[PDB]
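*Asks:* Spelled out from the first residue to the last, the chains are:
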Amino acid sequence: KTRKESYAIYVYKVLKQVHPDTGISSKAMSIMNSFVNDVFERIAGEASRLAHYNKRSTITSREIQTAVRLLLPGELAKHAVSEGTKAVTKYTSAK
Amino acid sequence: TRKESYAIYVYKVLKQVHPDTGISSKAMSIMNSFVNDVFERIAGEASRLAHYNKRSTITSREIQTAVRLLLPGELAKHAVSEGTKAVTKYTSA
Amino acid sequence: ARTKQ
Amino acid sequence: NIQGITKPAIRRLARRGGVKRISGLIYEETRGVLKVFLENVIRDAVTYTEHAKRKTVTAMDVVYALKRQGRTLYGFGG
Amino acid sequence: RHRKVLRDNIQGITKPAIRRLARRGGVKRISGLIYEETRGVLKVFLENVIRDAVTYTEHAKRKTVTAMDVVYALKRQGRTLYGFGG
Amino acid sequence: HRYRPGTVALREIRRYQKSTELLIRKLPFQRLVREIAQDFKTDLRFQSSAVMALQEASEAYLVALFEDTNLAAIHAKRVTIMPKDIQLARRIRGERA
Amino acid sequence: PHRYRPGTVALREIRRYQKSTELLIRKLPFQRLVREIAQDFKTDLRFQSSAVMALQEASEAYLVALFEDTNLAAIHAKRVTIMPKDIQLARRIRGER
Amino acid sequence: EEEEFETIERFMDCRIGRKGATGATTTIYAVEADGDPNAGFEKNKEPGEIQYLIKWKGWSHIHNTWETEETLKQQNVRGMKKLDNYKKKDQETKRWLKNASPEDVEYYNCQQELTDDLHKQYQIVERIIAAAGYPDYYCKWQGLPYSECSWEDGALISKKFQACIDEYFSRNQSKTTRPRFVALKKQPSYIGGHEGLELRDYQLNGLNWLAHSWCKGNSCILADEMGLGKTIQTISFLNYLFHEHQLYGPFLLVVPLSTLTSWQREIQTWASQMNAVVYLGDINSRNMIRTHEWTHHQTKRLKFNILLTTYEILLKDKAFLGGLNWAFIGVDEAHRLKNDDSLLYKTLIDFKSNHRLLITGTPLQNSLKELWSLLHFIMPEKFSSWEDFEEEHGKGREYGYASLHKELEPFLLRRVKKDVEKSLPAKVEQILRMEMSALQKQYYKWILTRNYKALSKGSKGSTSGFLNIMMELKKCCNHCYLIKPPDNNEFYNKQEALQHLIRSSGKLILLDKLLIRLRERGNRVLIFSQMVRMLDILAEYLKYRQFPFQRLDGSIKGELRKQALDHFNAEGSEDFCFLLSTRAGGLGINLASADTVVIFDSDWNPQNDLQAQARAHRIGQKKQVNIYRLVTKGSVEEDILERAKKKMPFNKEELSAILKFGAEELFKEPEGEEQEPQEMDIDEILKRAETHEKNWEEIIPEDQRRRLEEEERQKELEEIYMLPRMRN
Amino acid sequence: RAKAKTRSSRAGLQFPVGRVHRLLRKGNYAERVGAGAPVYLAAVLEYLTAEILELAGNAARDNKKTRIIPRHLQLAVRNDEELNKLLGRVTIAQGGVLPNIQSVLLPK
Amino acid sequence: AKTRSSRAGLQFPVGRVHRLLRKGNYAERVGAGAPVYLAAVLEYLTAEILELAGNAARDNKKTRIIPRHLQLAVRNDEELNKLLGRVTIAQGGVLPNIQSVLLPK
DNA sequence: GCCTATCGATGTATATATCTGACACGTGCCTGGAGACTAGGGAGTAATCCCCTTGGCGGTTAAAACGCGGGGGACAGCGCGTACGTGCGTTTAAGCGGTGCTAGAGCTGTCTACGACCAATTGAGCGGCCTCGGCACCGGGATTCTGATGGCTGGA
DNA sequence: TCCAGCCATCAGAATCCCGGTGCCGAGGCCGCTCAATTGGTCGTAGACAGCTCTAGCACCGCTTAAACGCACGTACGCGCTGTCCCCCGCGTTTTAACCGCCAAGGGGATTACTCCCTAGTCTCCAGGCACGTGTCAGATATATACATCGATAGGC
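Protein chains in written order, with full-length UniProt numbering: chain H, 32 to 126; chain X, 33 to 125; chain U, 2 to 6; chain C, 26 to 103; chain L, 18 to 103; chain G, 40 to 136; chain V, 39 to 135; chain A, 267 to 396, 403 to 449, 460 to 930, 959 to 1003, 1041 to 1075; chain E, 12 to 119; chain P, 15 to 119.
Don't read these hints as lab results, they were simulated from the structure.
Heads up, a few of these hints could be off.
Chain E side only, calculated, beta carbon under 8 Å to chain C, not exhaustive [what the hints assert, rightly or not]:
(1) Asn95
(2) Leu97
(3) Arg100
(4) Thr102
(5) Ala104
(6) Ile112
(7) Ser114
(8) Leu116
(9) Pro118
Just so it is clear, CB atoms sit at the ideal spot from N, CA and C, and this is done for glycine as well.
Working from the sequences, and respecting the hints, build out all of it.
*Replies:* Structure, rendered in structure tokens:
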């Protein structure tokens, strides 16, 4: 009866990108909606401890990159930082 | 320049519990950091409880329910009684 | 004598 | 009501865990550890329910109860 | 020469130091292969802790690794250390 | 005929490691939750997705605990897990001191 | 000449070092090892005198807990000597990869 | 009294010799007695033995025994475990010595040659510390601290050197330990020594200074310009109160450990009729000093004329050394006393002393507080505070120059090199100003065009902003490879590296002929540069040129650093070059072994240049010193020189104008490539050289900034984009 | 005014930069949220979701299904040693466990 | 009379805790009773630990609470040790505990 | 045979004597806490619709319980030797300190540009509905381990 | 000639796989409404520069506590053997879980009004932090005493 927002539609687009033929059940959506929410609350949680130790008041892409660097293990960090840098460059370079 | 700390207040509590005992410099640093960490735990749990119920204010009820969650069984009962004593006296005075 | 003979 | 965790039920749990042989006293220790684990999680669940001024204990509250102890569970909403 | 500058520095955690740490824990007899395992374990512990401290130092646009950075590196891994700041 | 001791155990290991179904029965575990919540607030009401959220957090905890117990029992050069194996795993994990 | 049997000096060291809170690892070689590992991440790093102090307190406390767990693991196997497999079992139970 | 047997001490010997040796055959006392039963042996000719006999416990090196080593096991001597260590160390020893480079093998051979001589030198006594007189002739050996002093029956030492030692033994019974103006400035060189005639005129005047100062009662700071006046004129002045006046109080000289051997060697060569308690060693050595040599005659009638102690030991035993009313305290390298917070300064102040002398090897130019401290130490009175001093030290006054370092009654000599030296040929600072190479021009253009966005601020810029740019451009005054090294795949080919060197470095074209001309003559070279990385390039370049060379910077350990300096300073040194640094000037090193020096780099402080020249301008040099400085018509140091000469990087407006005037017009002009302004190789520069004793958009060719902004935006975009979306 | 164009489309991402910005500003993480923060955060979230979906689908093809089920995510996460180090404490409902038997227990 | 600590009967700072809650970005609002409640909890927890550490100081026959007097207090109490279980205390040492099987007989 | 007896060390533990450096206390003041006020809106409360939890029932049948045989693993006992401990000896370098230098952490005063707050309007994403294909359930047989039984022959 | 390592064949019981057939759960799709984006402005944060001085790295010399090496021997890890009952596999009787259906009402999720507590800001005054200072507490040395432990000798 009331709008309850979720990451189903965007994760579905990502699935239809990496695997155009596969589908995803209604319960893997709940895992997907929870995984993204958990990673959000972890990275943005660190980006709140950072920019408080430094006495800043704003969360920036640099602090989000530092949170990703601290949080994701091994090779997952490099690709995550690379994808974030690509998105930032494409946003700043175009309208 | 001023590095504010819980140093003055720990001494007052110590002087009330053991009037003759004193406290060393490094043990004060532990007690100062002990206050800060249990401060941050209760505040973070209070923040999340407020967010979970779509609330914007951190109240004595939020702090009480966070203490009941973080502290063990008897420490929770003692802390809640002390907290409810302080708040009830502050509304009267 | 102290020396080694 | 704890003895409704039947002996075969504990056996099946051990098989999933890789246990080949089970001693006859594992069952009571398994029951006590499960009672302790539930007494930890359900206490937090009731604490969240009391704070919300509610009577029905929800999945969101239970996943918060596991989230405070670091057993994050995916599939329900937390 | 009997020794060289060849980054053998982890061997400066000697048999005596590992033995004393075990004796504080309660160990009465120590096998001769415990020391290499302790050295391997200690390097793995330090690598993770030092990396987080270096990440905080780099974020701060700073070049000196501080006690506050080390405490924040330990606080992430659930190993809170009291005594140096907060 | 009769299979020798161990053959059925390994068959059960593979069957229950392949499957994702829950192992503790739903209703006699639901009643145990109701009984533990009895001591904390009376007249409580439980959702199905919160009794099931507790079930899938109980089973996946015993299963990993039982894995640690098996590791500790193989350590002592044994095949059968024992109460002294559960207590050592739970003392090393930090749940008991 | 008077000579203590194997075990007597082991217990006194246990008694002395459990009572004392002094550092066991030598400061200077531990400081050198800290600088070595850090230089793999960022070169030309300076270290405050308290940063190495904080690292050594954490490192020693971690090892002592690890040695307690290792001694308990060895005893579970009905032994008195700690061995590398005990350390491996303790770390695997604790969850370190 | 006596003691028991059966203990080994130490294994420092290895030899090959004939069987059947007994006693101490090769020792001097046994050589006189038996010659040698091993004499005439050859390694292969006779069935001999490879010995490694042992230094024995409770007995000296003079008692070092040689025997058939089978007897050692035959006596069940304790301590045989050191014997097993000797083989393993020796077995490791040959595995390195047989395979090392011949230069290092011969280096180790020299290290052995120093080693056994140091070991042989332990045998010689220095003094017996006076039922036989002072019973059993308690005596010191050379090298060992006082702890190792031991006894002799008078049966082997009585023969070797007791003939002259008795004369020193007799010296024990010899009686030892304000007036008007004195008839100074005579010729007393006969009192100098048994060849004591070498005192020059200026050294004599220094002695005449010191005597005049005490006749006035004043104290002295020996501010000699790091010449020979450090030791020779200092020790001789103490003869004034002893050998002329016999007013011989107790004299203290606190000298650093590095220079103690020199001070102890020249206190005997000059002023030979003196005694000297070297107060070195562990607590046992100093205990032996106090009980046995400190007061021979009776209570508080000291028998030491002079004693030498390090600054390190003076702080440890401050009580015993400070309890005597000193006639003289001497401190060498006294720039350690430049700070009143120093513990040595605070403790040496409290020493009651009749006269005080400080020796320094610097012009002590530092601010008023350093002088105020030094003046306070020599004179504790009438110089106590700024309130009674401001009228005189008040700077900023041209009339004040009549007193600043002029009107100082606690006189310092400050006697410069120019006053003492009277036969040195004239000197000219060679400045080899030249055009820029093509590669340098491109890299110089690369740097400047990169930093346009910072330079646009002008007066609103940052001083630290410019300084980085100027520091970066100075890498273009130095050769290119500090900015971007050459390609390894081509640089490694020595068939092409010679062409690479000569084409890139025009700076060597004239030096090449000088190198050959002076190598045939036998000269040596020292090279100075600020950039340690640029020094690395020189070391690699020198390794390619294969001239022998040394290096001196702050990253070298002490033992290797000292040996490298000693290798170049040794008689007949063969090393040709030396990578030097300015900071070495405070060590008191000697540069007289090399008469040719190249100032490759430039520096912003003329004091560093003075410090480099001061260590080379040694008194007594007969040759004309060869010096060359390099200028490349860019990063103009002459913009500083024209201003500096009125008083010999300070003003924001000036420094911005330096970039606007330096390389004002010869930017990347449309003149094109392959300009190659090389055509002044030889005999052009020699004859024509002089000698002596707009906003940026208006300036820079902004067309390039398009060519950089549109290419850097490409370099720093693929570096973002060149990584896969996904792993694997 | 000009026709609308969502921030997600400018950066190329599929994840909502608008929603991430709102969550970062109505969640009391900091007093200000940079304009470059939601774009970065969505990029990391999109990458992790893509990686997990790729491994889950790769296991789905092995299991012969065409829809991703809970079991495959457990197979995906636990086999990849890096995602397992991120989700070690995580429990996946209906996920099961990795098929593994200790070699000491196998028959001989 | 004009301080919130004196109105609550509290020794810890009500006002400073209010500042840290507001300036720590926990929520958009901090109730007027939250700082009083939190400071009261902070003082009690410190009072308990200080009491146990002073008891250990009296048992060790000293006068000043040093880090091992805090460590001996936290680990002995079953509840404080559970609150501070992951906590490492600098210069704190470990409690004497030798396993029964290692003592000889 | 195994028990327990006094004794010769030799490390803790306990005293009493020095003394140094660190804590509890002092004054000054600057920054922050507080008082008095006004303003918008968050949370309280009453009313309300109905989602869904709970209570009951009755088949079905799957899985639980209980008992029997037998085997294999636990665990006590013994023995053999590789390994750790205790200790004397001795060579390396930690620790202390003194002194020095200069890089880089901290702060202040300035300017700007980047984010929040604001009013509008527009389509991207939510809810409800629908309809087809993947797989859920199922009969079935090709396949694959597995325990019993008949079969060489090694070192002995 | 034998126990045991290495096999062959087989009847039985599994799990696997294929063809088959229903259903319900996804994958689209239509309409809509809340929120995201666009345009403008204001002001406060952070970026930058110019600066001072705390403290980190570095050298060098003493000193001695502690690392390192080796060596005897004694206690413990590790294999092996035996035996004894704890567990497993399984057949069969048995309990109750599961599901489909039924009806009731509890309290969850909202909507809407209103008013009290809380943000923002200004004047205010006093508290707590910083710097200084000095006396005493517990660190150290040394000394005697008091255990704790283990070699050697006699009793039963």
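*Asks:* Would you mind marking each hint as holding or not holding in the structure?
*Replies:* Each hint, compared with the structure:
The beta carbon of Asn95(E) comes no nearer than 14 Å to any beta carbon in chain C, farther than 8 Å, and the hint placing it at the interface is violated. This hint is violated: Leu97(E) has a C-beta 11 Å from the nearest C-beta of chain C, more than the 8 Å allowed. Against a cut-off of 8 Å between C-beta atoms, the interface hint on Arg100(E) holds, since the closest Cβ of chain C lies about 5 Å away. Here the hint on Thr102(E) is kept, as its CB sits about 5 Å from the closest CB of chain C, short of 8 Å.
Checking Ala104(E) against chain C: minimum C-beta separation of about 3 Å stays under 8 Å; hint holds. The criterion of a C-beta within 8 Å of any C-beta in chain C is met by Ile112(E), whose closest approach is roughly 6 Å, and the hint holds. With 8 Å as the threshold, the beta carbon of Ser114(E) stays out of range of chain C, its nearest partner Cβ sitting at about 11 Å, so the hint is violated. Interface restraint check: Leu116(E) against chain C, minimum CB-CB distance 5 Å, threshold 8 Å, status holds.
Residue-level restraint check for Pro118(E) is violated (minimum Cβ-Cβ distance to chain C is 10 Å; threshold 8 Å).
Checked against the numbered hints above, the structure breaks hints 1, 2, 7, 9 and satisfies the rest.
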